[PDB]
Amino acid sequence: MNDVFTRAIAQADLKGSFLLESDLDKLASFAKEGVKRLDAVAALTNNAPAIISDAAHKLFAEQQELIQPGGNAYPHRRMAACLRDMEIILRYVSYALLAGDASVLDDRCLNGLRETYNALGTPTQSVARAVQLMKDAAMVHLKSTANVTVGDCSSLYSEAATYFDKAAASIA
Amino acid sequence: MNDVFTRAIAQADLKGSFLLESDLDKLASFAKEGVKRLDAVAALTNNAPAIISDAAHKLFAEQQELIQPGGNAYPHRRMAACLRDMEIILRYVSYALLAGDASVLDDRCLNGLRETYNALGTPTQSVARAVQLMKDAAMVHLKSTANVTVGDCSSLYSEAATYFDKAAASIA
Amino acid sequence: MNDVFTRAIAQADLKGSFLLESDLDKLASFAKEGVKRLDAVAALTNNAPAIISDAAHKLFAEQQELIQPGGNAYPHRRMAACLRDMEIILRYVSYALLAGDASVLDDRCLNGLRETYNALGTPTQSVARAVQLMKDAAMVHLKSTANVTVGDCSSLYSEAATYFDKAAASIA
Amino acid sequence: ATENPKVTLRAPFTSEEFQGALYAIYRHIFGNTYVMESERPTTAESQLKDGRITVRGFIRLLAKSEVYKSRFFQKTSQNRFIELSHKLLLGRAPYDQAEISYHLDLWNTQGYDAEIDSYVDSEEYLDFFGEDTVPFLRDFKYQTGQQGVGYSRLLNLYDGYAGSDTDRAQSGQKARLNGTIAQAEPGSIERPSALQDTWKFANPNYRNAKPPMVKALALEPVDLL
Amino acid sequence: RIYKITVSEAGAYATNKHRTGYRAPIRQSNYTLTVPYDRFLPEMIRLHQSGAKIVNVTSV
Amino acid sequence: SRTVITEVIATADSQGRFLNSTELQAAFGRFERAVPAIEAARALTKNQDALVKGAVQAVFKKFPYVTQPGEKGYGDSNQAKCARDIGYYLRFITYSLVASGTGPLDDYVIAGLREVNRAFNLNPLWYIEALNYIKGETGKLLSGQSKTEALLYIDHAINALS
Amino acid sequence: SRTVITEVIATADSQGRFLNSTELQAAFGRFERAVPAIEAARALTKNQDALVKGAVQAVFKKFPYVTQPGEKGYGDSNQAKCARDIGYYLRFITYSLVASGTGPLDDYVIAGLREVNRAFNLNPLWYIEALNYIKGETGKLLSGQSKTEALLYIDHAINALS
Amino acid sequence: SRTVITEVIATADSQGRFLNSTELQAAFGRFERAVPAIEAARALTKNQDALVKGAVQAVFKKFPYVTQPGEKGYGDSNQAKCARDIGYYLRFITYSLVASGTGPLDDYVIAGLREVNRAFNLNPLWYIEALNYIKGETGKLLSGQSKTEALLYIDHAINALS
Amino acid sequence: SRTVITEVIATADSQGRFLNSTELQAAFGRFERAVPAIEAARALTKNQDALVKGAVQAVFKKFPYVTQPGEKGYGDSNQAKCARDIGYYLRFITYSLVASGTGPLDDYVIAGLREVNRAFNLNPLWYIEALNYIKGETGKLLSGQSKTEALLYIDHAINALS
Amino acid sequence: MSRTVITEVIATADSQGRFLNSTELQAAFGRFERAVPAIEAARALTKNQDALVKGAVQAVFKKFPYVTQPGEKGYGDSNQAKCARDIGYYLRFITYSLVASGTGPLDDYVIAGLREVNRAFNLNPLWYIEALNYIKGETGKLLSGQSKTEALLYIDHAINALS
Ligand SMILES: CCC1=C(C)/C(=C/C2=NC(=C\c3[nH]c(/C=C4\NC(=O)[C@H](C)[C@H]4CC)c(C)c3CCC(=O)O)/C(CCC(=O)O)=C2C)NC1=O
Ligand SMILES: CCC1=C(C)/C(=C/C2=NC(=C\c3[nH]c(/C=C4\NC(=O)[C@H](C)[C@H]4CC)c(C)c3CCC(=O)O)/C(CCC(=O)O)=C2C)NC1=O
Ligand SMILES: CCC1=C(C)/C(=C/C2=NC(=C\c3[nH]c(/C=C4\NC(=O)[C@H](C)[C@H]4CC)c(C)c3CCC(=O)O)/C(CCC(=O)O)=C2C)NC1=O
Ligand SMILES: CCC1=C(C)/C(=C/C2=NC(=C\c3[nH]c(/C=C4\NC(=O)[C@H](C)[C@H]4CC)c(C)c3CCC(=O)O)/C(CCC(=O)O)=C2C)NC1=O
Ligand SMILES: CCC1=C(C)/C(=C/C2=NC(=C\c3[nH]c(/C=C4\NC(=O)[C@H](C)[C@H]4CC)c(C)c3CCC(=O)O)/C(CCC(=O)O)=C2C)NC1=O
Ligand SMILES: CCC1=C(C)/C(=C/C2=NC(=C\c3[nH]c(/C=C4\NC(=O)[C@H](C)[C@H]4CC)c(C)c3CCC(=O)O)/C(CCC(=O)O)=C2C)NC1=O
Ligand SMILES: CCC1=C(C)/C(=C/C2=NC(=C\c3[nH]c(/C=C4\NC(=O)[C@H](C)[C@H]4CC)c(C)c3CCC(=O)O)/C(CCC(=O)O)=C2C)NC1=O
Ligand SMILES: CCC1=C(C)/C(=C/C2=NC(=C\c3[nH]c(/C=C4\NC(=O)[C@H](C)[C@H]4CC)c(C)c3CCC(=O)O)/C(CCC(=O)O)=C2C)NC1=O
Ligand SMILES: CCC1=C(C)/C(=C/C2=NC(=C\c3[nH]c(/C=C4\NC(=O)[C@H](C)[C@H]4CC)c(C)c3CCC(=O)O)/C(CCC(=O)O)=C2C)NC1=O
Ligand SMILES: CCC1=C(C)/C(=C/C2=NC(=C\c3[nH]c(/C=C4\NC(=O)[C@H](C)[C@H]4CC)c(C)c3CCC(=O)O)/C(CCC(=O)O)=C2C)NC1=O
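Residue numbers (the authors' numbering), protein chains in the order written: chain G, 1 to 172; chain K, 1 to 172; chain L, 1 to 172; chain 3, 50 to 270, 287 to 290; chain M, 17 to 76; chain F, 2 to 163; chain E, 2 to 163; chain D, 2 to 163; chain C, 2 to 163; chain B, 1 to 163.
Hints listed in this document are in silico derivations from the structure and should not be mistaken for laboratory results. A portion of the hints provided could be inaccurate.
In silico BS3-like links for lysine-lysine, alpha-carbon gap of 25 angstroms or less [said to hold, decoys possible]:
1) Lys73 (chain E) <-> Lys62 (chain E)
2) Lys58 (chain L) <-> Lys73 (chain D)
3) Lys47 (chain D) <-> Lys82 (chain D)
4) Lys73 (chain B) <-> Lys63 (chain C)
5) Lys63 (chain C) <-> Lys36 (chain K)
Among chain K residues calculated to face chain L with C-beta under 10 angstroms, some are [said to hold, decoys possible]:
6) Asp13
7) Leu14
8) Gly16
Just a sample of chain E residues kept apart from chain 3, beta carbon distances all over 12 angstroms, derived [said to hold, decoys possible]:
9) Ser2
10) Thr12
11) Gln16
12) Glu33
13) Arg43
14) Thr46
15) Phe64
16) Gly71
We treat Cβ as the ideally placed atom computed from N, Cα and C, and that holds for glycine.
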């Protein structure tokens, strides 16, 4: 895939000259907040089932037409596919968070997920709402300062919300 | 796979020496009688259904116990397998006759054929009898003077008998 | 494939016990000297073409019968396979030096190697000779004090020697 | 069985995934035999990289190539070819004599390429490998349609990590399951010699009773009371 | 001649994967298969048995 | 197991190449994080009795309906097996800490977890509660990076249960 | 490209699982090693021109026949190509240092290297000796751990060539 | 090896069929071309020593630097190995001429050529020069179709080495 | 369409290599054997009408029962179909002669032969006797190697039927 | 091996790695109920085998009166006696298929390899098709009801295999 370091290297190679001091300084800062990034990724990972369950409960309370017979998530298999899709989207979002690049999420999944959901008959605004609820559930765990030293991670919250809303808008 | 040429070359390479003049004259012979060899191979190829049919008729006139219930050529499955094996053995005999070397027969057709037949329950003596009958039928067509210029082909007859005998001895 | 940590864990599991204090101390010692281990692995990895070149030259200077027509490394194919074998054994010795356990060699590098060499007709004595030559050539690069902090790395030298010896003994 | 991951290659991929996938493909499909640089197929992997063919199509091309034929077909009996093809293209061993008869007849009638197609166009190949993942030896874990002999027979066909399916043995390329499949027997579980140094203090036969030196006899009430 | 088949994986295939499972990794529904004429009948009938629905078959 | 060193070596081998910079830096990170991990393992090993008995008691408090006669928790044998199971989980967590990878947890607990629980009708929520209690007690026994390591592995086990 | 983080993410995605202890430990090792690597990249970017000039002259001393008329190194255009190639190698070494992975060198130099050099009759020993000179002045220019990082990336390049 | 008769039988075997008219026509062309081919093999076997010495001398003229001290052509053992190698190539070209195919070359020289030349740092251009000299001299000898037969295999070797 | 040239091209394309000595000699043999096959094609094309009518009559003689009503031979339409089929066979045999390959027969008669003969109940011994008639005629209409070419292709068609 | 109802039931359940569910028990139940017609049909065909075989031989002679001419396959006493042998083979394999309540015995014994042996010995499938049509006619006289239908299902499977 592509990383922020990889992205900078690609841009430098396109113009074919060495990475500038400003680029090196930005990448050094990135490596300096890498520890905070690891904590954010661990927060997303360690509560992923809780995030999925909260998002699913809130979504299905919001939209009962999916539960009821004839809905897009009515039988057990369609429910399980729903949960698996939420889980895989969360996993890709955490991948993007760790790398700092949205390529790992944009490359394999979001390009064909549009055609897949259109073909299967899923309501796309429903899936976008599911991803937004996942973001809302995940922010609480990202904020949780228990068991981690108190610090500021506004950049991490902004970037994670960026990845979440980007995936939701892509599927939308 | 080896022919006479590659066999001579491999032997010479084993001692790390060029091909001697004696070997070159032997190979030039083989090449000159190549056309007689081609006619022998064509005779084997073109008359193959007749060869196998005559061999089958003779063999299942001598050995009734094969085509009785409980024999190894009883149902159509086993009889078809019998005829298939005969055509495959004849095919590899013709390959070896064109090659001038018997290595294709040993490597492909006869590699573990006795163990295969012993495992399946086949009377390898009956397979060897079928191969001998095929040899007897084949010599008739190999000696056909019609459709070819008259000449001496005694060495080719001996060589074809040698490959048939190799097959018969290796099987049983 | 184990490392030292997983080996200790497997023994502790068989006893049904937590790791004793002394076991944790030996493991903390292993990890505390892990930097020298990484340097030794880098020394083996970085100089691998040189090691294999020198071992090969010495081996074919000693044993000219390998490269004479009829020898086991005679044509280009056999020589290329020989060099790949040296490459592979050095690769796995570096893996074992990184892990600290010689389980990777017997699990992967030496799994069926002796049977392979017997069936191909490879002289196992010459293979063990090649491994000894690689060991000697590798010790030069392991003791190389340039570019690294001076220190006591005799345990690493002995461990690498034992990995090379375990190989050359399993082949032979 | 466990340590090596399943190599999967979709159509979008980067350079390292491609190179590692080709390493795994060549180390599996070609036996463990060394494939020299003059034998590497460049057009076939250009087609794989472009996405003109999948990994399954690449496996089909490789099994129809003369590397595969020269190693596993041209110096072999058909029994050996069928064994190897099952191992290298389905990840298992032949289960029945009917499979050998079926594949021998299919080759004799329709030729070699139709045989390779039957291997690669099979529902079992697509169930276990689909179009994206390299074939792997799959009978070392229980799957739905396994048979009791599959484990032993594959373990018989698998010569260890450092072994290979080479035609260049001094004995040549010989079938090793030609007799066991006709008798419907299991396979040989004798492993290489490098492994009799592993976990020697295990005692699986713990419940086994050691016999007495002499049997207890009752001279009076009879002998077995 | 070569024939390119654009197959869309649909609910008929999704049910089969829900029953049998995913012994192979999950993939996007829409992909194109290229076949020779010799292989076109077996591949297309196989795609039918798998429950996949073909969208367009183009010749080349 | 799937520890850092072993996965490094395995991926290097599956590509037929030596250990490059990426792999050596991963191994260096492992050898550095050894110190907090071995410290967490020491803390948990010293306190295994209190941790396990407290976890069993926490389970019996959050699941009162288990202790009564007629179901799983009633009887000295069943409670002994409870303590044994939580001792297993804690043992394998300390093994993971020592090995710096979930390999011990995966191989010894997670593989076959759901099938075994279903076969013996053991509710995963019990072990989730026990592990949550152990997480809480390690919050007090450990500090700094040791706490983060221990909690990371405990959470891995919990996510595997749920 | 092959970084530590990308190996993490690809190993996690290939098994369809989340990032966990082993993978975060690898990433932590990357983040710790970033400081010497960024430092070495900075020091090498300062002295690119002197390093390249010295490497070209080093090749010319080591292979004097190359400069002879009718050979590869004869003519100002060919020597400009030589300097450009050494600059290419140095630039990709700096990229690899920044990325904490040999992914840049791999993708941009090593992939296709043998066939290209075979087609254009470019002796790899020229570039090996030039990289040897660069390795020599990396010892003077860099000290500490940046020194080791730069040397290991240069050795990766040399191993690929040889 | 892969000689005309062998591809014939191999294709028939793989397709599970007897040899048809096409196969025998290819074989017949082989048996015709056997005459100039074995004539060329005789001529090359007769004149092997002069060809080998001249090719070695041509190599040393084209790459004079090779014989300087510390270079691969320095000493008597190195140059004896040179002579042995040129004799090898000549031997296998004569084998290929005799067998009417590139099977002997493909199987005893080309298979493994690049790896071996890279491990021992042998420049293919030396062998190109030697084979070019053998080509030039087999022009003087070998009038007729024998010339074309010889040059086909010499060119196969040269194209392999490049 | 398999011919000598087609197999030549298919092999070298599958291997991903240029055409070399082996298949060039195979194509040479094909080109040399073209002229007798070409003039045998001349001969069979010239005498097509007599051969077809004679073969039809030979079939109706060897199988008298087909003529009488209630069988396949009754009727002028069936008779014209017999003549048309034998003409098809002759045309494709001439195609094989001119093509120096069995490809025309394989593509236009042999492929799908047994299925449609079973579906339309066309006894293969009818066409076998017709082809044996044509074999007898080409025994006298041709001399030398062309006789052998015609006989090989005809009896290949027979074997495909038998 | 043989494709009986029970065997395919079990093979399907085994390939899916599941126990035998209610549907497969339904299939087995239906087979066990059709057993009675099949067994009585096999008994009737077994008792009356001699007239069946002789009449089939005669019918093949009548439909193809040229096969008894000299130089043809039917010429000779041995050829005709072991033609009766072949017809007996077909008849008892049909009885086997009836008893098994599946065409397994036919597909395994006669149909597998039928065409290749017929070719290699130049035997017209039409001869045996005529004989099986004769038996198909005469079974209507021998049998009645559902057993008659079963017998004709298997006879026509044999014919279609030859057809
Ligand atoms: C057509 C196939 C199908 C089934 C079978 C099905 C069951 C089902 N019941 C649910 C809710 C629930 N179901 C229960 C069931 C409990 N209530 C208690 O009185 C009992 C002890 C016990 C029932 C025996 C409860 C408590 C909830 C709410 C908690 C939750 O799952 O979100 C949910 C979660 C989402 C929802 O509200 O629908 C499912 C999937 N849904 C389906 O689409
Ligand atoms: C690259 C990663 C990747 C993704 C993301 C992916 C998505 C994906 N979702 C699918 C079906 C589905 N996806 C959903 C989920 C949506 N439908 C609504 O009900 C929910 C609100 C919502 C979940 C948030 C559902 C319900 C199905 C079942 C549709 C059906 O079976 O007809 C399918 C069809 C395959 C199958 O059903 O077995 C795919 C391929 N596949 C991938 O390989
Ligand atoms: C085993 C895997 C692993 C993990 C989990 C890990 C996390 C980690 N977190 C750290 C502290 C930290 N953690 C955070 C992040 C938190 N701060 C706020 O409370 C946010 C709510 C929250 C982010 C979601 C911050 C800001 C620091 C201090 C970094 C600094 O400013 O110096 C540190 C440095 C502690 C020190 O040396 O003093 C590490 C190594 N490292 C690893 O190798
Ligand atoms: C398309 C495949 C193909 C075939 C079939 C072929 C046959 C072939 N047979 C030939 C002659 C010959 N063929 C034979 C063989 C015969 N001698 C005895 O009568 C035997 C019964 C019989 C062996 C089966 C002999 C002896 C010659 C004459 C060659 C000589 O006397 O030196 C010739 C040389 C020219 C001629 O005399 O007509 C050719 C090219 N060439 C081909 O390219
Ligand atoms: C049968 C096929 C075959 C070939 C072709 C072959 C070539 C070959 N030559 C070698 C040595 C050598 N060959 C040469 C040839 C050079 N000498 C110089 O005077 C010339 C410039 C130049 C020749 C034109 C040299 C210098 C060596 C020694 C290389 C070393 O010691 O590292 C080696 C390394 C092992 C050895 O023999 O000592 C091989 C494999 N070996 C084979 O088995
Ligand atoms: C990117 C991969 C990577 C590598 C390769 C690496 C090597 C490395 N070498 C080190 C020093 C060292 N390296 C060595 C090893 C050498 N001593 C010599 O005498 C022997 C020839 C040889 C082996 C015995 C020693 C003894 C030290 C200092 C002692 C110590 O650091 O504990 C250190 C500790 C830094 C210091 O305290 O100065 C590291 C981390 N680090 C990495 O992140
Ligand atoms: C798990 C790691 C692994 C190992 C270790 C391994 C070893 C290995 N070496 C082999 C052949 C070989 N190995 C050698 C090497 C020997 N001959 C020379 O004389 C030397 C003395 C000596 C080497 C120092 C040679 C010459 C061959 C080729 C045998 C032949 O072509 O006949 C082969 C047969 C492969 C083939 O030819 O297709 C294997 C599998 N393979 C692996 O996958
Ligand atoms: C390509 C090289 C090759 C060959 C030729 C070969 C022969 C071979 N013969 C076989 C069976 C057979 N082979 C025969 C033929 C014999 N039985 C009769 O008694 C005759 C006397 C005699 C023939 C003249 C028969 C009847 C069977 C089936 C036996 C059975 O099903 O048990 C089989 C097993 C497949 C099957 O059951 O049909 C093989 C593989 N194997 C090879 O790898
Ligand atoms: C289709 C017929 C078939 C069967 C039945 C079969 C069984 C089978 N059991 C296996 C392992 C095993 N089997 C057992 C079962 C034993 N453990 C206790 O001792 C019990 C006494 C006993 C069970 C009652 C165990 C513990 C293993 C794991 C051993 C290991 O993997 O190291 C394996 C190796 C692959 C795997 O681990 O999944 C197979 C193939 N295979 C087949 O193809
Ligand atoms: C699976 C059960 C089975 C069947 C069905 C079977 C038929 C059968 N008939 C055969 C021969 C033969 N079949 C016939 C045909 C019959 N002869 C004439 O009286 C009739 C007109 C005509 C039948 C209507 C003849 C004449 C032969 C011997 C000559 C030859 O076909 O070449 C053969 C070849 C071996 C042999 O001579 O017995 C088989 C296998 N064999 C079996 O094991």
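Given as non-interface: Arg43 (chain E), which should sit over 12 angstroms from chain 3 by C-beta: Answer for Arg43 (chain E): holds, closest chain 3 Cβ roughly 27 angstroms.
Looking at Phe64 (chain E) again, its CB stays over 12 angstroms from all of chain 3? Fine: 26 angstroms to the nearest Cβ keeps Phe64 (chain E) off the interface.
Given as non-interface: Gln16 (chain E), which should sit over 12 angstroms from chain 3 by C-beta: The claim is violated: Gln16 (chain E) sits with its nearest Cβ about 7 angstroms from chain 3, within 12 angstroms.
Any Cβ of chain 3 at or closer than 12 angstroms to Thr12 (chain E), or is the non-interface label fine? violated, 8 angstroms
So if I understand the rule, the pair passes when the alpha-carbon distance is 25 angstroms or less; does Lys47 (chain D) with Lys82 (chain D) pass? holds, 21 angstroms
In terms of Cβ atoms, is chain 3 entirely out of 12 angstroms range of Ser2 (chain E)? Per Cβ check, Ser2 (chain E) is inside 12 angstroms of chain 3; nearest 7 angstroms; violated.
Evaluate the condition: distance from the CB of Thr46 (chain E) to the nearest CB of chain 3 exceeds 12 angstroms. holds, 25 angstroms
For the pair supplied as a hint, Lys63 (chain C) and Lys36 (chain K), is the alpha-carbon distance within the 25 angstroms limit? violated, 35 angstroms
Does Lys63 (chain C) lie within 25 angstroms of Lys73 (chain B) when you go C-alpha to C-alpha? holds, 14 angstroms
Compute the least Cβ-Cβ separation between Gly71 (chain E) and chain 3, then decide whether it is above 12 angstroms. Non-interface label on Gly71 (chain E) holds, nearest chain 3 Cβ at 30 angstroms vs cutoff 12 angstroms.
With a cut-off of 10 angstroms, does the beta carbon of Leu14 (chain K) approach a beta carbon of chain L closely enough for the hint to hold? Hint holds; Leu14 (chain K) Cβ to chain L Cβ min 6 angstroms, cut 10 angstroms.
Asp13 (chain K) as chain L interface residue, shortest Cβ-Cβ below 10 angstroms: holds, 6 angstroms
Figure legend: structure checked against the earlier numbered hints; hints not met, in rising order: 5, 9, 10 and 11.
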